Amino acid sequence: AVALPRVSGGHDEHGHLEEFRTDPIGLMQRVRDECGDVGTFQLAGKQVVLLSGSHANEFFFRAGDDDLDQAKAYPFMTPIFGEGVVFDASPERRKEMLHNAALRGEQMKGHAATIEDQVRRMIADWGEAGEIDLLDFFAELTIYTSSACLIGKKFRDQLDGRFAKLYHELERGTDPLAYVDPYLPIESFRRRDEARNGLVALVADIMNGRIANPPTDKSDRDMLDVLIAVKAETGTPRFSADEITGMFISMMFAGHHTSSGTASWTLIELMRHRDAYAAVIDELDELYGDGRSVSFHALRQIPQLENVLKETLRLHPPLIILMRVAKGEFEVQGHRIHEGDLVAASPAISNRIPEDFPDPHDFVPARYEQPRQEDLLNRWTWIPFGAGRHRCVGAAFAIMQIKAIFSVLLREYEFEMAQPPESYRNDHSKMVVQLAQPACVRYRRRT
């Protein structure tokens, strides 16, 4: 059996795993530099076939589910999701876990208004001036937007900062060792299980409260009210607090850390490039000069802000690696992929291929304007949202959310970096990328 190209290093206890934890991007870049479109690296006991370049990526995203499986490519997601969603009906995968029902187009306008309200509640006590930490702020804000939009305003209204803190701990229990076993006796895996337990308790607390004093309107009952009333065969409540919480956690995940970090970086890039920031301000002031609401404009064109978003997403994709499990043997550029092999594509690396994106390390929102339109011409390499079969179905909502949040923030306050521009960075120590702290920013009301 012929060996596939293998990148240098990887002599630590778990091969390349250790380096993947400290510098996954640098590692993946060295794979392409040394190996080309098809290279590999060892992740503990599993070999990862990393595909880069337009041709290999295409094969990767167009592959059928019968060929490249996404189902077991993220073992680190198993302990978070927990016992399969509340409804046992075949693969609820993305169907229920991330039902497009939530992001349905009929409710889109509604969501924008919900998002507007969440931002205002979040900056309600800002006053004329002060400071914030982007991770704390955006991580909390997105817990509110995701819960209010994906579950119900009623439910969100009963949440506070504690839910965000614990949910964060949940997200941090995704160390790469999860590819060895997501249940190893790791400290972060223990803190993860303890966090999930804390979440179940907060929900159980809410369930009780709602049972002691139900709604004075059989109209204002949310999803939780419904699940609480579901009775088993003998009259007993059918769902426990753990079951309900596990489903709520599963649904919110999709609307949390990817939006959270993306909101943080969008602002960061705006501050780093005051000219783009100035263009966005002008555009928003002029655009909202028609008197229409944020729920109106978030669902419509805001070009400058959108190109700043697309560029933020190219340089800082939330998911730096995408995974699949090969369910058969395939040939890609003369290299053989075997059943069981882990197959990956990297938005982090692909989004910066020099030949596809002139000056890949520069912030150039113009890339997406009339001329170049580099996102649409590099359909297999511009991949912040993935591509093909598993293309992010929440893209439209994610973008609407960014338009909504910044339509409120940039028109009410001005932002300045409170630390060196280069000090802002991501923590890539976990499979779930998070913005690193400190990430301090100053604000002052606009005149």
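Definition used throughout: the rigid core is the maximal C-alpha set that superposes within 1.5 Å between two forms. Shifts are known only where both forms have a C-alpha. Residue numbers count along the first chain shown, from 1. Compared with the form deposited in another entry:
- In the core-aligned comparison between these two forms, the C-alpha of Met97 is the only one from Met97, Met108, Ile281, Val294 that shifts by 2 Å or more.
- In the core-superposed comparison between these two forms, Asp217 has its Cα shifted by at least 2 Å.
- Core superposition between these two forms reveals the following runs of 3 or more residues with every CA shifted by 2 angstroms or more: 92 to 99, 215 to 219.
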The other form holds:
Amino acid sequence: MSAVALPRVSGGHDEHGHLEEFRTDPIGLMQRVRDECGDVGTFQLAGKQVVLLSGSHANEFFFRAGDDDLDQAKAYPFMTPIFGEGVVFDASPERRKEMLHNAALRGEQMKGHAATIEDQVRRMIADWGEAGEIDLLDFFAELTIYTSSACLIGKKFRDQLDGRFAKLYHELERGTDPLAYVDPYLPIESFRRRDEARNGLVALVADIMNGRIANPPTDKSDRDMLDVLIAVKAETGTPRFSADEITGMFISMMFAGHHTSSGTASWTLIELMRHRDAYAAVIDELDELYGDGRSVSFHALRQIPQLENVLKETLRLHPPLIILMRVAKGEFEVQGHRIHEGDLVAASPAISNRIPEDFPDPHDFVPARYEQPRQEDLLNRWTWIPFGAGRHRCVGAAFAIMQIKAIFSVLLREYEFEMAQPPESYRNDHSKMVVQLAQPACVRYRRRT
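We have the form deposited in one PDB entry; now please give the form deposited in another entry.
Since only the chain itself is given, any partners or molecules it might have are not part of what comes next.
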């Protein structure tokens, strides 16, 4: 005969099975898989079967699985066109990923990054005046382009960037419609805007490169990563790297941290405004903490409990990545259910972070869950997964947390924020593999004191 069918969730009778629903309501769909199927259930994503695992036992299998068992490498095909075919530092598949963020993520670099991040925020709110309104996506998306580029590539580089880079990068991120699992190069409008956006980014970098070659003045110093790549010559004296190759690398370096930090910063603010009591606790803590006269570069690397717990709760309720993917490289049994090589295996932070048994009143904002006595994040090692877990746990976790600390250490002490629309109107756009805060997301601010 053949192989036993795995539990399959209801619906999925559209052109690409469950793909359409995954686009309009991925969380509702993934939740229905768990409700109907249990810890192991499936849904059809175009021609691919997704084995969605949930619960502590199945998640453990998922996160502890080695690269040889559940391959993460080709589990996110929507990234292929974004990163590009460009090749700067040719090395192993694991090497390439390391080179992207390892250097800048060094602990010894953290202090500097916090100072850089503080500078980026003050610069971003420099023209805010006494009072006004902003849109969280516009503000945070752009801000994080500045923090990401300045920290990962260099300050000199960020100083040559402006809103254009952010607008284009945003289009890049929107070029991740689920249809990417069919083919990331399909004749889709979003995919075309993606390719065009990328081309626009390459052009912005080419302009910078040209500008630097013509006029490189300064104290003959401050030379950043772009300067080094520009100066690299091939054996004949010709520049070795094109603007595309360089841009492709820069894009790759700041991608992971951009959509995540932008959305997480937005939701942190949203949850603080939604819960004035937590907001007030954070302010008191911030004013009291910085009362020692130490800098953000000092405090952002150290304990700021109230804010951190708000952040953790914000991440539990609004995990930037609502689904994690792998490609099975063999057969494995998980609770009597068999996974076959070629199967897309997934885990969902969106779903797992709200399992009723692991997180009392999973739908409520309770930063106290992470307080010393409770520590629900640490106790549920396989289900509190905003940063994933196991072998592929987010290597940028420390940086991201420090960044949030740094950003709000400035924002919450300079301005007071209030929602300019109904608290329930703030929502995410889950139509793309890369979750983005949906607009409008209007917020009012006013100088404190």
